[PDB]
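For reference, the chain that follows is the form solved without the ligand, supplied as structure tokens.
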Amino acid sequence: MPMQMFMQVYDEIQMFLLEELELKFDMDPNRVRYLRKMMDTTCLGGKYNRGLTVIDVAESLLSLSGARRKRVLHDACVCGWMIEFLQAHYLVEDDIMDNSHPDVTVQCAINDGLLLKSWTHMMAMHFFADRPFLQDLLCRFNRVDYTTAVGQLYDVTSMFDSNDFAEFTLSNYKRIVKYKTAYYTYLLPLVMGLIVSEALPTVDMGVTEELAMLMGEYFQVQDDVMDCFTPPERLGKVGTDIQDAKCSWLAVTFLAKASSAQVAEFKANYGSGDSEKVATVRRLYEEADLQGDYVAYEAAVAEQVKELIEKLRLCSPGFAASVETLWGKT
């Protein structure tokens, strides 16, 4: 039912956006079909974890506060696709960075990123035109999108001096995860589920924000270890954190427990595309028992998650039920 309802609202959102271009923006059929294919390519195929989370939060809050049910569930589906379209926008922007007479494919890629972001505003201005939360929804959405761009600046420039392993600390790693990932992947779906369910001021946002940062931290730590050790055919992609000199959990943890001579070996091999220098870094990670510390670190984080949900259910019982389902997905 939830996935089937989420996909029906996608067709409704897509048909409005394309017809709006056809009727109000003077677009020709060739470009409408071009944008339909681009929308399907960039927005569909994922797991829709962010979008479905908005639905799960909405349905749990109407079970513990007829016509208001069908409207709130539909409003949550539009908000779910706002995040999915926003994620598709971030992914297109990421493809432009590593992808490199005007090059029309780069022009269309940049244009795709602008259209995907603008579509989040257009679908919200339309389906929520008569909603009292439309102003507050756009402001929290824009602020979280701004947060993500700030986190990308932290992540991209973690190895230099913005006109270098000094910022390779655990607190800066959390700052990167918090702004670059946790806010729009974990906090934003929960907030949007509260907004459409009219139960925004009924929750302790401090514990809600704290759980979102902790769950995003738990997910990013596991994602860092898999990027290094999980082979490509099982991970689904090629792990490239070592070559790209990313501020990963493995890097900042290794630097705290490595000897002075091992740090020199790590610095001399980190951030290189050479096959042996990457293997030398993986060897240093192995010999430091980092995958042993990974299990304990996630266990301690999981305990903080398993216990912070209880603070949230004392005043918001139904809200904590969906947060548990979101944590179980992680």
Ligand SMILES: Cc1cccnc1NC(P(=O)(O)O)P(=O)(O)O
Contents of the next structure:
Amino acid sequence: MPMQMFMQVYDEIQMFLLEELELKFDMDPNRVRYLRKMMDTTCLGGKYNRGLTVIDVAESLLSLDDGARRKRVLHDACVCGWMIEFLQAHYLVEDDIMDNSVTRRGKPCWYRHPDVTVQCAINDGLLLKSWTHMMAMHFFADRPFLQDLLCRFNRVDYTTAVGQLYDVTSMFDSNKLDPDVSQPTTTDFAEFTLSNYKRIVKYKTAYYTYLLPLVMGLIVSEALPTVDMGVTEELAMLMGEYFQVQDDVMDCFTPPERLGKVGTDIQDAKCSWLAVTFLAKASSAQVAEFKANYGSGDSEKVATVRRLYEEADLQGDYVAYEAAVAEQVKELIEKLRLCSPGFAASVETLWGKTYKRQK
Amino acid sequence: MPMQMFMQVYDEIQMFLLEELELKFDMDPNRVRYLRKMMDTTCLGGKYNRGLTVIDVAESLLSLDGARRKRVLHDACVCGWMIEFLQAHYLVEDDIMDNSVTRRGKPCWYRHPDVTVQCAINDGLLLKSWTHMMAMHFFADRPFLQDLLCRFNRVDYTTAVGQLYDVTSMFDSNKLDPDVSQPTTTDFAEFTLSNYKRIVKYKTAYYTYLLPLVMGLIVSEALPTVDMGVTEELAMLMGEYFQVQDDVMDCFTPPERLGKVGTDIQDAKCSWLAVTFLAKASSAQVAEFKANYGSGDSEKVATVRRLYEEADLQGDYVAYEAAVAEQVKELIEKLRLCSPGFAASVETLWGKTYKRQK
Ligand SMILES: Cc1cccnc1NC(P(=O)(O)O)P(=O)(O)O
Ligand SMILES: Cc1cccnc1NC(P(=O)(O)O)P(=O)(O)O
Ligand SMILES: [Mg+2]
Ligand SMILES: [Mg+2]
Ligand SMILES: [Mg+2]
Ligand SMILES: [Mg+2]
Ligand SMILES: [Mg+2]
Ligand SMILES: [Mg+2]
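Please supply the corresponding structure for the form deposited with the ligand bound (the preceding block corresponds to the form solved without the ligand).
Expanding to the full complex; the earlier chain stays at the top.
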């Protein structure tokens, strides 16, 4: 039922967008066709956890009529959800190019589609981000919360890009970070710290994936200040670290057929939670071997790293992390429940879609 | 001296942005230092035609204390930097997309020795995000904020649509199908003046010409005072002409006054020369062109160039420039009538544009 409406508003947004191109940007049928397929492939097919969370938070918070408010709040909530989903899609397009990924949810990455050029794809991602602004101005022009909704959505958008910078520079010794001088992979790996990993992940995932759907849902239902923000943020940061940690773990141990891609972070020499947790507990013998084998397509060198990760019980460390998170999450949600029982419950519902996710 | 304050506010903008990163986004001196270089390299060293035009429009309009002047002109330099940062964002992405080698005589951002393409794509995105950040900082209490950012974004969006037109313009559009490959078009039935006009209008004209005038107007609190249909006609014609000039220079300006060796031939770009050549050419000429366009072999590239040379494209260009100058003159008068002050600032903008050497 949340799914049924979400999906109608998708059609609504697409129609306004594609038509506005036809009417005011002199676009031809062919490019409109190009763009409708780009939009569908890039924005549809996922679980819509971010987008659906807005609707769910908005519904929860209604309690504070023909049902005319209800109809308007829930429709705004779907628009907002699509804003966050189109933001994800923009990033996905750019991130797959940047991470030189091959597939995503069983389909070739967008820039790997037979008829999509690498150059057109960069600009396709840019289109996605702009559509967020376009749809928002179309639906919300006469909303009092406009300026505040967009101010936060743009801060979150920026935080995610800062996060991407962290991620994409966490393999070179930062003291040697310099545009005007060539530089290779950190052969010492001394920056692969839990501390630095938590920073990468807070900024690249947690803000847009966990804080923004909560905050947007609150805004459209006009309940932003009914909620302890500090505790809400603690939650989002914590749920968002765990999610990313899950992404990292699944990237190594989850079979392609369930992951939607032949996972590569090892290959990519990525600063993952597995890398860093391994490096901190690991012996000198283990560490040298790992250094000898991380960041290489060779099937046996990446399977060495996998044996090492197993040897060192990273799977059990994960069970231990997940358990700490769950209790930290339980305690925070109850502090929320005191004054925000409707909201705590929608966060619960978000935690449910996250904790031990199959994805 | 408009340049002097323009650079002062750049520092202010910079200082707020980098300090917000260390204070609120847990950044370290190394990445901050990387981001200061990136911001400098990509945002400075140009002519600042877009940015300075905002200031000039706002100066031309503060008659219709003597310290509202101070505030309106400070607003106007922020706006100018929003538009230059917007440019810079697109140059970062465009040079990767267009696979270019230098810009203004340095290696393009993504060719810098220790910048990856991977990181440069995201650098581009940082640029765009900064336009929003700087604006919320200086303008949050300013009542024109919603209108300013609304149009700014519309122009951003039009620039990106134009880039789509540019980048899909060497393939037959009937066959645009994400799921099937298709090589460069062998018939160029769509290198037309028509299609050229559309690329250029959206990708250049709006952010380069309209947006600087529009933002100057908004911080002057004088937008409804001008004939927008006319202002728009002007920006579109002025913008088309500029890009025509960009295309011609790409082929005929010697790398060193240009600041790069040109890419439009080898990319098989729908340039103004390509479409103006194709429209007047014999069939022999068309076949020779067809055997040589979208190629890096340097004597095919000087064949193509000699085809253009020997089809008199400079007389065609001189006649276009004259017909553009003439229509510019007319439109500036229709606008001078009710908006005397604004016309002048549009005329100064045209003066920075008409037969530009730099
Ligand atoms: C697409 C994206 C946005 C923000 C954070 N991560 C993202 N991608 C993930 P992917 O979905 O695993 O590519 P990664 O960070 O592992 O490349
Ligand atoms: C960067 C850019 C933005 C808008 C229009 N043109 C741009 N670049 C130009 P360049 O500056 O000539 O690369 P082109 O259109 O020829 O690639
Ligand atoms: Mg990534
Ligand atoms: Mg990726
Ligand atoms: Mg991953
Ligand atoms: Mg280009
Ligand atoms: Mg270029
Ligand atoms: Mg050019």
